[PDB]
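Listed below, chain by chain, are the residues.
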Amino acid sequence: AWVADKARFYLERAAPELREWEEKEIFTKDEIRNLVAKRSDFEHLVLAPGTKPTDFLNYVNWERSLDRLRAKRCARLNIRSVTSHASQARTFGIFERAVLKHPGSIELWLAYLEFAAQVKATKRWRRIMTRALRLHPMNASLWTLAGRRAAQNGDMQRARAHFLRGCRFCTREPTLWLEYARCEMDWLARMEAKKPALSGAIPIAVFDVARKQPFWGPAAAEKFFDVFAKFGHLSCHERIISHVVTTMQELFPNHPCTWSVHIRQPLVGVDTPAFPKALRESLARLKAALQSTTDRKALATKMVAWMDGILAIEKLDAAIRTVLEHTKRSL
Amino acid sequence: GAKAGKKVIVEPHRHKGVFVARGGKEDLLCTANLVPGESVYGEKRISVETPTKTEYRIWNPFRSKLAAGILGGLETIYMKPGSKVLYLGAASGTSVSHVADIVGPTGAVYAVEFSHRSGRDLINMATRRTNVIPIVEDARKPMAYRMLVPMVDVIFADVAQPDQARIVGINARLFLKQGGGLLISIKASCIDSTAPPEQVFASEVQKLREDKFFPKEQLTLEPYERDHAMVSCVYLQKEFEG
Amino acid sequence: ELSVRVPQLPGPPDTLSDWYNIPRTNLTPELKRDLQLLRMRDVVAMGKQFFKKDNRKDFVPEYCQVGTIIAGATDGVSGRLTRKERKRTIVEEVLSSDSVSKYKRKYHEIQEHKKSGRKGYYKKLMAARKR
Amino acid sequence: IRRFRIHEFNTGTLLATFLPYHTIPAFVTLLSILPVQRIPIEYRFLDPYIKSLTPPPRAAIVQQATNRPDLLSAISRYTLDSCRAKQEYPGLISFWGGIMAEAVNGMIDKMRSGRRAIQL
Amino acid sequence: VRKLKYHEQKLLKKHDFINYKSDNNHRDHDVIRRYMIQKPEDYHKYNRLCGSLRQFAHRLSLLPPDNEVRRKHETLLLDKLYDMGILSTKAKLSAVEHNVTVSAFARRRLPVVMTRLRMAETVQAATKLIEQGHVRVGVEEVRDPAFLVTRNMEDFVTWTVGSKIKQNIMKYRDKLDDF
RNA sequence: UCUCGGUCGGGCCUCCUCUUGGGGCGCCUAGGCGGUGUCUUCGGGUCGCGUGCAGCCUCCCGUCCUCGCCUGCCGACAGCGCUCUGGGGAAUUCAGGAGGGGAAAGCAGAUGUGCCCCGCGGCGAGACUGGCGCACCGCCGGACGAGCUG
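Protein chains in written order, with my numbering: chain A, 1 to 331; chain B, 332 to 573; chain C, 574 to 704; chain D, 705 to 824; chain E, 825 to 1003.
Hints are not guaranteed to be accurate.
[Stated by the list, open to error] Only pairs whose alpha carbons sit at most 16 Å apart, straight line, appear in this in silico EDC-like list of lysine to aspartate or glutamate:
id, chain 1, residue 1, chain 2, residue 2
1, C, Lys625, B, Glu357
2, A, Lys38, A, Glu25
3, B, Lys334, C, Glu658
4, B, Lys338, C, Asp591
5, B, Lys334, C, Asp648
6, B, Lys338, C, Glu666
7, C, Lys621, B, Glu357
8, C, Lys625, B, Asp358
9, A, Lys6, A, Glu31
Derived by calculation from the structure, the hints in this document are not laboratory data.
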């Protein structure tokens, strides 16, 4: 127990901002005393022996909310002199001792990241992201958020770097692999929108290493096909779709997912006179898959889910709608 | 002899855990059995119906030098109930079973067997008693289970190896809390056949102080074994615990 | 999920944590006789076995339990008591063994040796003086 | 309680509004946490139950109710406050009616004199 | 104050909160408890008397040994104190010097000497008796529990007239005269 | 107001101002009592054997006769111990001591963010170069360097 003294440090450093706010007409004295009191009690709560990330988040919300109130009120008072720097800095220091005391909270980490990102400190943000990744190397969500921030900024090489280290690590779930394929194909789409990547062999390659991944499942390849089937308005999209189809046909031939992708395969970038023709083609695929020797319950569940999405989209013909309804009822 | 089914009583012994069963013409040494009603090696065990589940196990001193030392009356063996107990020399786990019964369901024993078939016996007794984990590898290379043994408080050691002092030195350096307690068994014929055993004992002691211990008790467990000395010392400090 | 508590708010200790709860000894007079026997286990062996004379004045341990040997699977041809010798009590066992004659013999020796010159002797003298 | 210490500074009211449920574990727990000298002067008679944490039974309540006027006045004034406030409910009213009825029975049992003036 | 630590002890060598060097090993208090007095003022009055006594002894010895007046007052002081019982002999000035003591005074007070004559079991309970007033001297009753019983009066200090105590004694020893 | 000397006081320091012809509480016993077990003496009975004589024989119960055992009381004298605002006991109040766990318990130098530039420093693709090299197989050193970064 030295908790009073440690608080004495932090509150005493808090002092001169409050001195200035006293000296301005922004707050009155009783309010000031209220503020100091609340701050002292919170700081003692933080430096208590048994503390918890919820308490941390409570405190930082208090301070950040104070910053916003101060901003609104000095705006109403039309005063431009006050800054937010000291509040943001002390806010940071809260986050720093928070991660020293409890490093093991994804929740507190993401709160930290979001705080930095909303106030505009990207170098610091990358550093914080670094430490958090180092402490929790199995977390697909952090891996994704880092890499997606890097891709949105545009630094594609570091995006790939985070993602490759993450796929090197998190080999239990396919989740990072789907996310990396997602953002990689998004980068290809960024290149096409700007108009090697002329080939764009990289999702084929990650599919190839997926083939020897530990989670390597038929349902895994199915969700792979799903996220590939997203945003089919590309160039080599038909190439990669043919590739994933023939690979899973070669590997899991009579799997009901293989029959599902055999149905939904020619529907890459379609919305429209090309719509019902490919609809009838995939419907022939569907009738063939239904009559084929597959697990008809599994395949029919796949098909009624895909039909649930199909009926979720609008703008179709009623005869087609009802024959889908009948083919669903017959399952 | 102390034939089966006799009515004897049990009283506490001054070390915690161990009790003494006295009765009729026989007084003998015993410990609360964790896994009730199941022998280890065809050892004798003592039932008692309390106003059912509770049963004890006798030790043979002739079998375990740990037992023999206690009967000789060492001062303190440092292994109170709750204490993490490293063993060295898990010779099929008989005394290891006994020491597990000492340290109870809250304690821990980490054991070292190097031979394989003895290890089969050992892991069998580990499969029965949950508080002992076995370790089958070479005790000379505590790198082999540095991932597997956390910080323990008492090192029992009873290997018959000539490098015994440097063995216990390295295993202590990797596995012992400041304020370490250890017991070690000395077979003078194994260390140095030619020499007088008391001097053999002394040389062992001086190697141990060279490896930074402090001896505090020592006796010949004489009327249970010839030419063996139990040595009790502390790692790195003087008083025992902390 | 979050329910009302129960209130239950209303000396030397009872069972021993540091020895896996040997209970405090209930003191049946049979147990007291047993302990008397055990403190005298020296004279039980009529010279055939001497023990370390562990004698406090207070022959009672504040913690104890009455037990029985189970089974030595190594030795089951003699190292086990027969049914007609599986007695309920220690003193019953030492009763059922032999040398009770020898006990009686030594006791009557000491009976003589202390009846030696005490009172019947003197009465015999005063009688053969009065006659 | 843990904020305003109702059990300490509005003791008689809380004891009043818990007395109807006087058989229940809630009542015994409250009985535990009550401060002794804080208990109002009529309700002081629950102290041996505080010494022995078991709920009192209704006969004990009614006997103290028969001996004193103040406890009975207090219960009646409480429940009157409630029904003035239109917050009564059949359990409480049944409680109050039962206790008032048995108390008045016992009270006339006391007041009988034989002697004309004391009866009057 | 806690038991002070090592270095703080080596600074507070001469510091102690209880045994003052003026408090004189609490000799005052140790005696006063042991002998059941009620007035530490009465302790110090005893004391400065004993002091005047010892300086008389010291100056008496200072007188050359061969003098008449020395011889006369050796005998006088000795036989007088002996008849006050506070001594044990009557022939040794060294005994007057390092023997005459306020403790011996207290053991010639009244309750202590009634324990010695075996009036009652413990000198506390003796104080309780003589405060209630069962204890006579000569022919008077006595309340003042410092009535210094000189040696000629130890033989007389006995029980009072109408005492439940005296009747209790006669009850136990079976002569209980109701007249 | 710079020293110095002397002085029946004090401060300071010392050893007395306690170790009692005393009391309480225990140990220890000569032994009294209660519980209670023998041995002697006979008498009654009892399991059975015998010849069902005579006897023999197990067991019990009572008398006589003494002796002994019990963490059981009490226990005279004398001897010893402890301890004396007497000795117990319970609540309750304050003042310390000793030990067991539980507790990330973690303020070595506590500087808003973002930019660029400069200075310095690191990685770092690539490009050279000196001499050495009697196991001959390669060393080790200078000084350029895109790009990145502190």
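Quick rundown of the hints versus the structure:
Between C:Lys625 and B:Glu357 the CA atoms are separated by roughly 12 Å; this keeps the pair inside 16 Å, and the hint holds. As the CA atoms of A:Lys38 and A:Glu25 are separated by approximately 20 Å, the hinted pair breaks the 16 Å bound. For the hint pairing B:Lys334 with C:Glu658, the CA-to-CA distance comes to about 11 Å; that is within 16 Å, so the pair holds. At most 16 Å may separate the alpha-carbon atoms for a hinted pair to count; B:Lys338 and C:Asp591 exceed this at roughly 25 Å.
Taking the CA atoms of B:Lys334 and C:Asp648, the gap is near 9 Å; set against the 16 Å cutoff, the hint holds. For the given pair, B:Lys338 sits about 8 Å from C:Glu666 by alpha-carbon distance, which is consistent with the 16 Å threshold. Distance restraint check for C:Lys621 and B:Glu357: the Cα-Cα separation of roughly 13 Å lies within the 16 Å cut-off, and the hinted pair is therefore satisfied. Simply put, C:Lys625 and B:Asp358 have alpha-carbon atoms about 11 Å apart, close enough for the 16 Å limit, and the pair holds.
For the hint linking A:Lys6 to A:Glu31, the alpha-carbon distance of about 24 Å lies beyond 16 Å, and the restraint is violated.
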